[PDB]
Structure formats: structure tokens, C-alpha cells
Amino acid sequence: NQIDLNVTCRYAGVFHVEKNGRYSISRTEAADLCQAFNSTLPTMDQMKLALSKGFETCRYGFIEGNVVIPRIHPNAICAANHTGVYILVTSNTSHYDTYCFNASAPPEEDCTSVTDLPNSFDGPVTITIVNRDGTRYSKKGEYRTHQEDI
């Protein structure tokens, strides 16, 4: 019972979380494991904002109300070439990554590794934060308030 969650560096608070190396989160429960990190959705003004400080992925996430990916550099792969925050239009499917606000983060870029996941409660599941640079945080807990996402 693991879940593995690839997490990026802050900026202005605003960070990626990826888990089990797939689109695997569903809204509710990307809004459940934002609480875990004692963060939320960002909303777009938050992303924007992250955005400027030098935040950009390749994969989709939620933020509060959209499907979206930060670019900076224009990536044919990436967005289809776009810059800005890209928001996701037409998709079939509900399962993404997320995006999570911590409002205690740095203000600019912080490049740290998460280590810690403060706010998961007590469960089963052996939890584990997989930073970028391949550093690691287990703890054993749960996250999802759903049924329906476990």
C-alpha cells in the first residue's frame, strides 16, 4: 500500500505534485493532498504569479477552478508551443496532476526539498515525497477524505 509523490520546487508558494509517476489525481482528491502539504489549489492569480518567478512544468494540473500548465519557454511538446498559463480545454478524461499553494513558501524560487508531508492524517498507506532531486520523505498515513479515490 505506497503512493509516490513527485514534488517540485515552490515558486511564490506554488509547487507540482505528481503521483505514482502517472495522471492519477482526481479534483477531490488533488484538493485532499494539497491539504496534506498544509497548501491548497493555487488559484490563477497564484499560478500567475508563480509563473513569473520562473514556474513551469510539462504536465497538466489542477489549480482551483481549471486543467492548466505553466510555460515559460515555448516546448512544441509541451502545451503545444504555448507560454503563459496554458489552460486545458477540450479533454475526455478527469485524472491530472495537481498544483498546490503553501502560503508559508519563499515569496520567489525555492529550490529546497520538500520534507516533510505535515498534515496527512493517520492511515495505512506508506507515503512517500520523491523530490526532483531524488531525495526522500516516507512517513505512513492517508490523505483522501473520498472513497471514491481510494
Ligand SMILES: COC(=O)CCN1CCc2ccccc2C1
Given for the second form:
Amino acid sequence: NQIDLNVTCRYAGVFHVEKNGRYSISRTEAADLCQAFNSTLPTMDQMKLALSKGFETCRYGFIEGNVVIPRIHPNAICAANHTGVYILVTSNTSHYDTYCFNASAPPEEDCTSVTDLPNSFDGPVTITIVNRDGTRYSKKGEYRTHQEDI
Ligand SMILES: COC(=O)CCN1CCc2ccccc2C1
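Let me have the form solved in complex with the named molecule next, following on from the form solved without the named molecule.
Below, the chain from earlier opens the complete complex, with every other chain and molecule after it.
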């Protein structure tokens, strides 16, 4: 009864979260996950500012209203060599990573570790935050509010 959450640096408060090392988050779970980090799904404008501060990934994830990949450098295997906030247009499937936005983060790049899931609720799951440098923080709790996600 364990969930690993891989988290990135924040860029203008925006970060990427991947659950259990694979595309595995529904739209509803993504909102609940961001809420657990006292965050929200980013708007497109928030994501564009994050991009301008250095944010890029090679993974699809939810924002408010779309699934996107922020890209700074063109790479053939990431968003088909596009740059900018690449919007996923056509897909059969519903599960991705998520982006989240924390307004209380620093204004530019913050590559410090994340060491709390401050708004998790009581529950039986061992939830582990994993930072890119390997630092880990674990707590027992839950964050999913929709049964179809459990
Ligand atoms: C930046 O997001 C990506 O393109 C996927 C990279 N993942 C790769 C795995 C990983 C593990 C822990 C914390 C962060 C990350 C970042």
C-alpha cells in the first residue's frame, strides 16, 4: 500500500509530478494530488511563465484544461521536436502525469528538495516523495477523493 511521487524543481511555482514511475494519473486524481501539495493545476499562462524561467520535461501531464509538455530545447523524442508549451491534440487514453502550481514557491527556479505533502489526509497509504537528487520523504496518508481512482 505504497505510492511513489517523483517531483521536479519548481519554476515560477510550477512542477511536474509522476506517480509510480509511469503514466498513471487521471484528471480527477491529478487535481487531488495537486491539492495535497497545497497546489492547483496550472493555467496555461502559469505554465508559459514557468517555461520562460527554464521549465521543460519530456512527459505529458495535466494542466487546467489540457495535457501538455513544456519544451525549451528541440528534441525529436520529446513532443516531436516542438518548443513551447506543446499541447497534446489526439490521444485515445486518459492517464498522464500532472503539473501542479504552488503560489508560495520562489518566483524563478527552485531546485531545492520537496520534503512535505502538507495537505495529505489521514489514510493507510505510505506516500513517498522522491526528489531528482534521490532525497525522500515519506508519510502515511491518502489524497484521492474519488472512489474510481482507488
Ligand atoms: C522532468 O520530468 C521528466 O521529463 C521526467 C524525469 N523524471 C525522471 C525520474 C524522476 C525521479 C525523481 C524525481 C524526478 C524525476 C524526473
